[PDB]
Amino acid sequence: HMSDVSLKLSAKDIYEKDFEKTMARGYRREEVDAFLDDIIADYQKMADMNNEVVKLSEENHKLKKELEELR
């Protein structure tokens, strides 16, 4: 569908992501992992919105048609 958006990542991609570890100055893993868990919850919430836009668009079209068919 034309309305479809294409995300770079998915909930599962982020959940599976394995960063290189270093003994150089890097990021505390526990803080990055905890932040990604919130991000995963957000991706999951939004995952079906391509379909939700199509459905709303299609009902929108039907309703406008009924209305015009009155007047």
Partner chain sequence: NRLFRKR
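Numbering follows the first chain given and starts at 1. Residues that one form lacks are left out of the comparison. Between two forms, the rigid core is the largest collection of C-alphas that superpose within 1.5 Å. First, how it differs from the form solved in complex with its partner chain.
- After superposition on the rigid core, the Cα of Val53 moves by 2 Å or more between these two forms.
- With the core held fixed, the Cα of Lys62 is displaced between these two forms by 2 Å or more.
- Superposition on the rigid core leaves 48-71 as the sole run of at least three consecutive shared residues whose Cα positions differ by 2 Å or more between these two forms.
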Second form
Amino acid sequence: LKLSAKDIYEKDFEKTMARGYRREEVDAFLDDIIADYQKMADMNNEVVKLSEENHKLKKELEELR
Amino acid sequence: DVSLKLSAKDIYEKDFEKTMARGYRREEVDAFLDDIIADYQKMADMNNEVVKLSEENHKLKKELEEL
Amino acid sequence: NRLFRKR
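Can you switch from the form solved without its partner chain and show the form solved in complex with its partner chain instead?
Once more the chain from above appears, this time first in line as the rest of the complex follows.
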């Protein structure tokens, strides 16, 4: 990944009166992206936990026929 | 929740209202979202897997519940 | 959270 949740929080753009984007619209959308990056950071571990649970649940099933 | 709310597509399609007051330069925001798009593309496969394992485990817990 | 980061 080129960015972190932190880099996106830290980022600042140049302001303008010349038909720039609404700042609060941009910052609200980037806050949703910040959340998503947090989740991206934990995702590999969450895939691992979920596949281990996947496996445990499948063993239990086969054992119960 | 562990799966992403947005996709690469959502970020590409997102269109921001313009202002004639103090606003962000479109070039800079757009260029920054491009880097963000690249990262969503790199994680899209792992994110599809997380959704699928979540859905599969839920169904497997439901199947075990009945026995 | 950058929506609340000024004023």
